[PDB]
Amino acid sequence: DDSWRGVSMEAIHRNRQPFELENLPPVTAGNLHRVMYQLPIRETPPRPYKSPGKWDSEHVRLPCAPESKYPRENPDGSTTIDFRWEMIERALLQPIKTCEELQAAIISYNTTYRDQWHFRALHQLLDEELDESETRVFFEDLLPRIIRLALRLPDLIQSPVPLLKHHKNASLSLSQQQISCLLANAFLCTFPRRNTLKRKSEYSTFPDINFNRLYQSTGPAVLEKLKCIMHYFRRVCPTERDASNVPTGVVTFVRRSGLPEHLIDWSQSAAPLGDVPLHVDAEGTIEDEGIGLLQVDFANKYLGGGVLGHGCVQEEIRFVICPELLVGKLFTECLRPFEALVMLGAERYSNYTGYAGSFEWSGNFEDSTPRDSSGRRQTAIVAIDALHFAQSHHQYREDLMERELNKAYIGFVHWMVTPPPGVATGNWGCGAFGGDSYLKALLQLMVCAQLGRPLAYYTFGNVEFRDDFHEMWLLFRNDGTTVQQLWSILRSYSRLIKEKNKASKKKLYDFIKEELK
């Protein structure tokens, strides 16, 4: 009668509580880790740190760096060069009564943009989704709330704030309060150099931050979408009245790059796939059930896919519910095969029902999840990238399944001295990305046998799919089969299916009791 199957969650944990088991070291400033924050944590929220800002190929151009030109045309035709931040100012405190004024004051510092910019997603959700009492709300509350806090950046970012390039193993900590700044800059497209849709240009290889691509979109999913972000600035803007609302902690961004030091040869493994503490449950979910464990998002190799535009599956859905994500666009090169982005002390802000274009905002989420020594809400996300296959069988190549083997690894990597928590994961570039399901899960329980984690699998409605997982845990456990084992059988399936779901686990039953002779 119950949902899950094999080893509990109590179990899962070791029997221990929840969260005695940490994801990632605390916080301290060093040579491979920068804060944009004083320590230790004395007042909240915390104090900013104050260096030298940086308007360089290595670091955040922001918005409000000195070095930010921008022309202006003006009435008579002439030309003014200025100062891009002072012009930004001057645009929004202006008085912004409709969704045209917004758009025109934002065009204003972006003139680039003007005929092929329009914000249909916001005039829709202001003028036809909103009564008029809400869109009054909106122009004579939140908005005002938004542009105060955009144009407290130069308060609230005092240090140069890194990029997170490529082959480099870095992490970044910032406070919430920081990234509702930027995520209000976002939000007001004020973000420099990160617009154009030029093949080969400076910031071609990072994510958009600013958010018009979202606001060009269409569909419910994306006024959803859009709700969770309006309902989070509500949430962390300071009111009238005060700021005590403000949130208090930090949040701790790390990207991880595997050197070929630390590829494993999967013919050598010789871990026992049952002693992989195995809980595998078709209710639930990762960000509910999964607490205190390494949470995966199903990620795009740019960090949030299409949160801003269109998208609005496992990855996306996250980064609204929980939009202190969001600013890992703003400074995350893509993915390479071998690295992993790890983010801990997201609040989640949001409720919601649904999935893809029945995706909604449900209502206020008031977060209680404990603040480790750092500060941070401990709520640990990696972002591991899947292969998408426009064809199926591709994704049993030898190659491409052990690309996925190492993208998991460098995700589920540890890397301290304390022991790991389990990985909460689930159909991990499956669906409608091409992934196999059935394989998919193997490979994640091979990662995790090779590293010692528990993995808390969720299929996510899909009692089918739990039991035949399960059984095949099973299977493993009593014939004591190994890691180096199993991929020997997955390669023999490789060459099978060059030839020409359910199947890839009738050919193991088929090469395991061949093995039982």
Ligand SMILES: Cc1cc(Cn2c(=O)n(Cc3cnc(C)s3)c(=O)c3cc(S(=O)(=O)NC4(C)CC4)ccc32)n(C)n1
The other form holds:
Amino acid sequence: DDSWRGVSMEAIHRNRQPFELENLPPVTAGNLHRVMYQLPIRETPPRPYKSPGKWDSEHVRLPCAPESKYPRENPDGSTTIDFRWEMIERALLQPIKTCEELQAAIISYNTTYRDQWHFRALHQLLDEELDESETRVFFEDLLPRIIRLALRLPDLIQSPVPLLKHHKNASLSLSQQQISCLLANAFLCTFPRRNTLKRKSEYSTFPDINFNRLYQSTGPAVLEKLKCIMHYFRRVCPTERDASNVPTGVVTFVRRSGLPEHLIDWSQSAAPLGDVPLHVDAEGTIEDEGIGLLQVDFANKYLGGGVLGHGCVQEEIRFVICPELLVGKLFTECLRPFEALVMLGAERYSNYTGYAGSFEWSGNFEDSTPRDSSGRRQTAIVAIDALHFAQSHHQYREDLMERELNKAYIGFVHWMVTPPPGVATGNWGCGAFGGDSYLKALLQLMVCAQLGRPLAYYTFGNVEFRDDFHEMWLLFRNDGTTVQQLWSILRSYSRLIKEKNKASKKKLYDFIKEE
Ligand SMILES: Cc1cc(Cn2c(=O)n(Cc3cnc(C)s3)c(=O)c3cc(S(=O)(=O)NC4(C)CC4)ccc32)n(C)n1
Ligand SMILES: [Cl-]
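Having seen the form deposited without the ligand, can you show the form solved in complex with the ligand?
Let us now look at the entire complex, which starts with that chain.
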């Protein structure tokens, strides 16, 4: 009758309006929080913060650094060592009228990759997908705006951009405007030292950021991601007339890194599972129906996954409809097992249809989501990376159930004085990545019970699973089942599977029935 089972959405918000409960404290500058704009925000967009630039192992190597030098071959075949930022400016201010000339300009400061990079998805989009006039508008309007924005980087970033490395709790806050500039540079593949595919290299524990690998990819989902990105730049680049369309606010990136001190012993959790306000919806999406909640990103340990590539499932889609997330790739070291990344403030610019191979851009989206005191849209996303399984049976090992419990734990912790809003999630690391929906739902319930967060769970058209999970929360509620007690049952199922989906839930019935 209704799409959903369990408690209502009013309930998930603790009967207060969405957005009254916040997911992150306000931005303030500190030892553990670098802020790229001036506090407090008076004018908009925020005014950039000024401090000496850094070209070192602790900060982003910015394309405009005076330390960035580059060899050029010449007309006549000799070598000049020049400043790469000067070469980038010269290349991008030559006229560029075709897809081939764009590729040659980008390659002119990436000459190592001359015979490896071919921007086939860009050729497909401009030569075959758009008609002659939409393509003329690309070269006469859009691309000049992207270049002009990229070339303002020394004006918009006047402060070193720190890397968020392994095992450090740190935050970084930037303006949406600053992010549009960094992303324009990525679009034009300007970031130094971030292209090599060599196995052990300076940045190999970091994601890719230059957009070349997207351009090298194929198929319809890749073009639709390109359309999302184009659209973002139409939305946020100043037009020839004015700059009133430029976004006004802020985005914050928080590396959460758990200490041994924070590790839950799951057999000592007396938390009642049925006391979790659980809302299980078979329609709806996290980005729409989960407004006000901590929304989950079914992440790869490299933030963004294959968004610059062939990837086009849950993570990748979020990163092209809310492209400000992409800048996380620039400074976020890959996640270790007891770490997570919270991203607050990312505006949505695109609508979409489908999923995976059927993903399509389906139009403009005007985000009216309210901004917090710090100038951030109150869209809070946590990146947590599930394990992938070649073998489904492997996931029922005790150590790898604990791993996932602890991964979701560090993603979902609150660590603020005000009460935590609900989490909005779903079949995390399931489908083709090997995970069991039935188990991953319980692990997430355990974590929410333990932390005291409501849980809004989306099954995406699967009514059967909605019911099996609702019914199993009812058995917990009136048996007063407990985290440690469900852990005990789950460890039993571990040793059972060893000696050799729908059957996990059958055997809790059994171990529960005896109580
Ligand atoms: C209501 C709805 C949405 C969708 C499409 N979709 C999807 O198919 N999957 C995979 C699965 C399909 N059927 C299953 C039983 S799983 C999704 O995982 C999915 C996820 C989202 S989301 O996470 O809310 N948002 C994004 C993409 C921004 C992060 C949305 C649609 C999904 N379906 C079938 N039914
Ligand atoms: Cl030159």
